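A single protein chain has been removed from this complex, and every other one stays in its place.
Chain naming follows the written order as A, B, C, D, E, F, G, H, I, J and K, and within any one chain the residues start at number 1.
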């Protein structure tokens, strides 16, 4: 796939596309 | 704050708006 | 809630989450 | 320009694309 | 309509609003 | 990668995430 | 109103301009 | 869970705070 | 106003409530 | 086509790659 | 092309019509 440059809400949308209703964790450090 | 139906991508976008740098967990069903 | 840094369309999405089908005004100066 | 069903978040995103710095009012129902 | 400043995914959302289920081509150079 | 229903705006956003600078074609129905 | 015109019915970006300031 | 509370039922941004770290 | 504030500074969701119909 | 494969049916990001240039 | 124009400059919705199928 292309590599990603994802900031802010755009990374949460990408995690929804990768994980969907499996669920995921959004975990800034 | 209005109560509304928030689902799928729009629900995790809402979690990003309310939690931000705190992070969140999206663990449906 | 976390404070917000919202530019462009991201603030209209946040106003939809806060107001929903109550409606809202998007009013740049 | 295609005619399509635009609802909820997607309808106010469309209002942002067409009105931008003019602003808009979203006053449903 | 207002002129547009659209980067990344925001231009694909604008092409969906202009073309919808007609379909479109997203064609970076 | 989860399999999920991707439709309309969300489907072309997904095409943008996977194809990016390659471009894509969205030619439904 | 705007929901009947653009959500339950269909509209294009021209009818949207009606709700610009 | 969160789908029943906010998607099939309705919730506001206050109930969302329940799923913040 | 709020549109400028939230983009050049920070704003709160409690401020956006003021723009509801 | 892509609607039957990914919207009415389900698909993952691998089938999406089929519609990349 | 249009992808670059709209991001480094400005573009119009009338230009994007050219990319419809």
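The rule we apply is simple: a contact is a pair of C-beta atoms (placed from the backbone, for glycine too) under 8 Å apart; a residue touches a chain by one contact, two chains touch by 3 or more.
Residue-level contact of chain F with the missing chain is found at 1-2, 17-18.
Although one chain is not displayed, chain A still touches it through residues 1, 3-8, 11, 14-15, 18-19, 22-29.
Keep in mind that, in the parts below, only the chains that are shown with their structure count from here on.
Chain D and chain I have Cα centroids separated by 19 Å.
With each centre defined as the average position of its C-alpha atoms, the distance from chain D to chain G rounds to 7 Å. Each of the following residues of chain D touches two or more other chains: 1-4, 6, 8-9, 13-15, 17-29.
Taken residue by residue, chain J touches two or more other chains at 3, 13, 17, 21, whereas all remaining positions touch fewer.
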